[PDB]
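Undergrad: The chain contents come next:
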Amino acid sequence: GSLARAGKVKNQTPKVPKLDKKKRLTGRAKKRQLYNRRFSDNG
Amino acid sequence: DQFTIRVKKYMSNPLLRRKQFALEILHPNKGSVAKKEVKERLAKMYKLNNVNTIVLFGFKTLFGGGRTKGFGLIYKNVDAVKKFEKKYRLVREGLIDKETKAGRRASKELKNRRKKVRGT
Amino acid sequence: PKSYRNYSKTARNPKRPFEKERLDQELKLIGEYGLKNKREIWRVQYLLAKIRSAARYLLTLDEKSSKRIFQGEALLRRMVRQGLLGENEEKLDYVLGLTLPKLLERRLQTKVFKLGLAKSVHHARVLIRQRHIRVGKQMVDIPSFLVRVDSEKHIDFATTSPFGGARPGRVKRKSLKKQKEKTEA
Amino acid sequence: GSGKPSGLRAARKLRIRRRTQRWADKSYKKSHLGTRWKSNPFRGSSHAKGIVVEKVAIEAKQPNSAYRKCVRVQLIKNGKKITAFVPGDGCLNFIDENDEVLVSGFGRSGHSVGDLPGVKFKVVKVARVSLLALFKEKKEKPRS
RNA sequence: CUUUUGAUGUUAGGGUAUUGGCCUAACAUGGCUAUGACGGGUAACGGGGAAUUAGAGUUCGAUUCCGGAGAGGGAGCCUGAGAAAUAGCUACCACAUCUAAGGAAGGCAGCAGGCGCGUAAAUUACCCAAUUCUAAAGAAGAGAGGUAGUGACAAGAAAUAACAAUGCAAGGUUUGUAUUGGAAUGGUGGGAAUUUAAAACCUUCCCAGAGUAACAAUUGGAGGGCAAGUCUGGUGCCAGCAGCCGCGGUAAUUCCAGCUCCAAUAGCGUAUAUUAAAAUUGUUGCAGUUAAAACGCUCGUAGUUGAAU
Ligand SMILES: [Mg+2]
Ligand SMILES: [Mg+2]
Ligand SMILES: [Mg+2]
Ligand SMILES: [Mg+2]
Ligand SMILES: [Mg+2]
Ligand SMILES: [Mg+2]
Ligand SMILES: [Mg+2]
Ligand SMILES: [Mg+2]
Ligand SMILES: [Mg+2]
Ligand SMILES: [Mg+2]
Ligand SMILES: [Mg+2]
Ligand SMILES: [Mg+2]
Ligand SMILES: [Mg+2]
Ligand SMILES: [Mg+2]
Ligand SMILES: [Mg+2]
Ligand SMILES: [Mg+2]
Ligand SMILES: [Mg+2]
Ligand SMILES: [Mg+2]
Ligand SMILES: [Mg+2]
Ligand SMILES: [Mg+2]
Ligand SMILES: [Mg+2]
Ligand SMILES: [Mg+2]
Ligand SMILES: [Mg+2]
Ligand SMILES: [Mg+2]
Numbered sequence: 006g007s008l009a010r011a012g013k014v015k016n017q018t019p020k021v022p023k024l025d026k027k028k029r030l031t032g033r034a035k036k037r038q039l040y041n042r043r044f045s046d047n048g
Numbered sequence: 003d004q005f006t007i008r009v010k011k012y013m014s015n016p017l018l019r020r021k022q023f024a025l026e027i028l029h030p031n032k033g034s035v036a037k038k039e040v041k042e043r044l045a046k047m048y049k050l051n052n053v054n055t056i057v058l059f060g061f062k063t064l065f066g067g068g069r070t071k072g073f074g075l076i077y078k079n080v081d082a083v084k085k086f087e088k089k090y091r092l093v094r095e096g097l098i099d100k101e102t103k104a105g106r107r108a109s110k111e112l113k114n115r116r117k118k119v120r121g122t
Numbered sequence: 002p003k004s005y006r007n008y009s010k011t012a013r014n015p016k017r018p019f020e021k022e023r024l025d026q027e028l029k030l031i032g033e034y035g036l037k038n039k040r041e042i043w044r045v046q047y048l049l050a051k052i053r054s055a056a057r058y059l060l061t062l063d064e065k066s067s068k069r070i071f072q073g074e075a076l077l078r079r080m081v082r083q084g085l086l087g088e089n090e091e092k093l094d095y096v097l098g099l100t101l102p103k104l105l106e107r108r109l110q111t112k113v114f115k116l117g118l119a120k121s122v123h124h125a126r127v128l129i130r131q132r133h134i135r136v137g138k139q140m141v142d143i144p145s146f147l148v149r150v151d152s153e154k155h156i157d158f159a160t161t162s163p164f165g166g167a168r169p170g171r172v173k174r175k176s177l178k179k180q181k182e183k184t185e186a
Numbered sequence: 002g003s004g005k006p007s008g009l010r011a012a013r014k015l016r017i018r019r020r021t022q023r024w025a026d027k028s029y030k031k032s033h034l035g036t037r038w039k040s041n042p043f044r045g046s047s048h049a050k051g052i053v054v055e056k057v058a059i060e061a062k063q064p065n066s067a068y069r070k071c072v073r074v075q076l077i078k079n080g081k082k083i084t085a086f087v088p089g090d091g092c093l094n095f096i097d098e099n100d101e102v103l104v105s106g107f108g109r110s111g112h113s114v115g116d117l118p119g120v121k122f123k124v125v126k127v128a129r130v131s132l133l134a135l136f137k138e139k140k141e142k143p144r145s
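Residue numbers (PDB author numbering), protein chains in the order written: chain f, 6 to 48; chain a, 3 to 122; chain E, 2 to 186; chain Q, 2 to 145.
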């Protein structure tokens, strides 16, 4: 059959590049943020 | 200059000709003191006319500064030091130096001896 | 040969990794006591858990069995030292009743937060890492450090901190001072 | 009665029955028969290196409808021919018709996986570059 | 099964450092075995131990110590207190180096290093300073040993902010979160102090030294199992994913993307094996009318079990 179709869909899809984001928090800070989102003010 | 040396497990030893001790240098705030000053202090403490019967080693400065442990060795006279200190320590002190490049191509040379009536 | 310097795992993983309730609890703990991972929590659990196991074992033996009296007593003493029990609750049935909060309380960062020093838990942690804080003579820059009740009172800003009396001594404050001087001249 | 003997001096019977019966356990048999080393391409190993012999399609199990892209490869170790499914949206063409492929299991010991009929192997490196890396593409490009 | 070829024993010897079929001679006909002899297999060196277990257990143990064995393969010797030695020797076999072709030497399962094999593994480093050994025994040697180098095998600790103002938010005034802005600090760079056999690290101090603190966190997921989207486009039983069930036949919460979220996080995936999960090997602790499973039936040896006193 067809090995011609191998890599169809990916090729078809339009390359939208990532974009700038606010450099994420990491470790402790991130955890703190998560906590805040979940329990503290919303609770 | 604001640094006390407290001298711990001090041990006279007349089998050798030395006093051993552990040696803690309290120097709160102003961190690290060079060996020379310590030696001088030691000399002052123990009358000890000449500075270079003192051998210091193993000065670890401990986490946070402020304190600093070591090992003091103090010999009777320089002759004694010469006799039973290992050469490296002596060299470090500054009593001697042989900068002899024996190497371990010495070993190679040694094994290149097959039949000897050899200067060569 | 190999070295003989033997080493050991301080923390076991969960078992069931996406149980909701447990996860939530862990998160809460993290929030309260300013911890970096679930790993810290796990480590503390392990620490607690060993002790608990020991206690359980001791309880399986009867009183005035030598082992029970000696080892059990030792355990109790250790707990007391750690600041886990104190006066009222020193009977070996009580050392089972320890939970994670009891242990986390005695972390250095938590202690710092309690005893003024910093506005927050997070703040306290950063202070500890940034070479301030001392626990009786010795500086300490690990927030995990389980403070023993013998050395709880002897906690403050270290001798060599900017805010323990030893110059602004920073990249920041010093720089600012320099700038000011330049402006003046 | 229990079925088993529960005598104090019964141990011989108890051991012996267990020893014979263990072999009914499929998993145990798989572990402890010697045919493992004989009748297995990887010959008791995690991965294996095989040069490719044929880029080939394999039609899936009846309910699902796809032609899954496999690679019939020859193990250098063993001289064994095996089909290895290649992952990725378009990762058959990332390999050459003769490339030194490094192929792993599929996840189920020998047993075959998912839609595929009797392909027990997952190519996961070509010319020493990681298939996954190539798929991502931001990481790497196939050297040749 | 073992026994002409010592198998089992007795006698006498020979031999050994000594006991012994260890070997010889002579004489018995023994010895082992269903409590598995004798074979076969082991991807087997043994043990101390390792992993994993509530408790049992199951697997692993080439590998820090002890023991055994071997120095390409067998065999044979010399020396010596001790070797059937291998950086001793003799011989053959199998590899293989130099040679002026006559001969000659050679043995990394020492340390590095190289090729090969491979899924799969580091420097032709520095030193005897420590630990030890050997010696004509401080003073010499030691790839034994140690020190660095490579090292995401594992193991431990731990950054990637914090804080305060207003602005905005919600809650019964406080927490939370967008502007500003002074404090904190490692990292990184350079000096020292020390460290060390000499350096390098560690720690230590002094100069340098963050705001997009570009000093930029990843990995794998978001239908269920299972924490997290019926968010946006692309594809259209194709490509693909999917450990399993399943998703895809133009609304795909499953493909390909982007965004957002979730987990664990300087780690996180995949594979093969293994333990637990497995009371799915069941001694504890399974099941056998119908789910796999009571021998057609009885007798019966070993086996297991055996009234009370
Ligand atoms: Mg400082
Ligand atoms: Mg005879
Ligand atoms: Mg073997
Ligand atoms: Mg072993
Ligand atoms: Mg082997
Ligand atoms: Mg060899
Ligand atoms: Mg030999
Ligand atoms: Mg050799
Ligand atoms: Mg030979
Ligand atoms: Mg080698
Ligand atoms: Mg490796
Ligand atoms: Mg020595
Ligand atoms: Mg070595
Ligand atoms: Mg869910
Ligand atoms: Mg997968
Ligand atoms: Mg869509
Ligand atoms: Mg997606
Ligand atoms: Mg199991
Ligand atoms: Mg169980
Ligand atoms: Mg069953
Ligand atoms: Mg039936
Ligand atoms: Mg019947
Ligand atoms: Mg009977
Ligand atoms: Mg009875």
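You may find that some hints are simply not true.
Unchecked claim - Anything over 12 Å on all C-beta distances counts as not near chain a; from chain E, calculated:
| id | residue |
| --- | --- |
| 1 | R40 |
| 2 | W43 |
| 3 | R135 |
| 4 | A159 |
| 5 | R168 |
| 6 | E182 |
| 7 | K183 |
What the hints assert, rightly or not - The list that follows gives simulated cross-link-like pairs (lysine-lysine, DSS-like), each with its CA atoms no further than 30 Å apart:
| id | chain 1 | residue 1 | chain 2 | residue 2 |
| --- | --- | --- | --- | --- |
| 8 | Q | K27 | f | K28 |
| 9 | Q | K56 | f | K26 |
| 10 | f | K20 | Q | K78 |
| 11 | Q | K139 | f | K35 |
| 12 | a | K103 | a | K71 |
| 13 | E | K21 | f | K35 |
| 14 | Q | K123 | f | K13 |
| 15 | E | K21 | a | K32 |
| 16 | a | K110 | a | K46 |
| 17 | E | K173 | f | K35 |
| 18 | E | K173 | a | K10 |
| 19 | f | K13 | Q | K140 |
| 20 | Q | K142 | f | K35 |
| 21 | E | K138 | a | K41 |
| 22 | Q | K56 | f | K13 |
Just so you know, the hints here were simulated from the structure itself, not pulled from any lab data. Just so it is clear, CB atoms sit at the ideal spot from N, CA and C, and this is done for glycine as well.
Undergrad: Taking the earlier hints as the rules, which of them does this structure contradict?
TA: 3, 4, 5, 8, 9, 10, 12, 15, 16, 18, 20
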